[PDB]
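One chain comes next, on its own, written out as structure tokens in the form deposited without this ligand.
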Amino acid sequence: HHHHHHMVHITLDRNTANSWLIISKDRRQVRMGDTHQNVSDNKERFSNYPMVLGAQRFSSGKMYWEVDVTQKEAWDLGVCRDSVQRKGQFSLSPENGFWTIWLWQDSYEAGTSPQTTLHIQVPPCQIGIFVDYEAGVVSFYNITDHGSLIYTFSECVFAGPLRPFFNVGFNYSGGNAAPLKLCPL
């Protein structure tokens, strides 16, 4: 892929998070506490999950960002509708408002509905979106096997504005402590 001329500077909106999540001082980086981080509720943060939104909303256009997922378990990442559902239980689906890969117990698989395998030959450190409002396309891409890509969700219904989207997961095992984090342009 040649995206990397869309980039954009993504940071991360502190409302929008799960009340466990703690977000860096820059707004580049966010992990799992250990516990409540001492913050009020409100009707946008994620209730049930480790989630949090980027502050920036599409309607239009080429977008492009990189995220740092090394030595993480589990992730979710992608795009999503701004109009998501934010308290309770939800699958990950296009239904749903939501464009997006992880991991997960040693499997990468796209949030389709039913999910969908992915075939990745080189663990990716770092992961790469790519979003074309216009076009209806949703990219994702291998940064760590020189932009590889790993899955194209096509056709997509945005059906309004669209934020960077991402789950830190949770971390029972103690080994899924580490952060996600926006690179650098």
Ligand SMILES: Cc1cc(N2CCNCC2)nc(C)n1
Second form
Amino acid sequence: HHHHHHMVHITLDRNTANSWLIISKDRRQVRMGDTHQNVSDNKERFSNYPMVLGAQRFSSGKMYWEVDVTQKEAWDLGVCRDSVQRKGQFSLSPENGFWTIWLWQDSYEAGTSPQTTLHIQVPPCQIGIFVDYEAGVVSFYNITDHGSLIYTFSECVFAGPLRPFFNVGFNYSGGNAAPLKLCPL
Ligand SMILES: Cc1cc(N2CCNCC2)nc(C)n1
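Could you switch over to the form solved in complex with this ligand, since the one displayed so far is the form deposited without this ligand?
Full assembly next; the chain just shown is listed first.
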């Protein structure tokens, strides 16, 4: 792919984070803490899952960024509507305003309803995410395997501004403590 030139500098929005997340001072990394991080509650925070949004909002254009997932056992990545539900239980699906892929239990899925099996021969250490707002496209690339395509959501109905979306995943196993990191341009 030749999407690298639409690169955007993404930073994480502390105010949207689940209360157990630790966002770095540069707002480029996030990890699961072992306890509540001593923040006040607010209506923006994801309550049920270790989720956070990027600060940037996109309503036009082509955007590309990369995320480091090295040594993680579980995570979700993609984009979502600015108006997604924050509280309680919900599915990551386009009907609920999410365009995402996951790792869980040694398999990769796309967040369709129902979910779609992904075919990845080289487990990725970095994921590239491409959004074409006007075309209604969200695509995922395997940076570890020369940029190979992972998955394309097409005919997307965004229906609002989009935000970068992250889930660091739970760490019940003690093997999923590693952070998500936004990779340099
Ligand atoms: C990586 C991951 C897993 C997950 N589930 C929750 C329901 N049971 C199956 C596992 N949910 C999310 C949002 N992310």
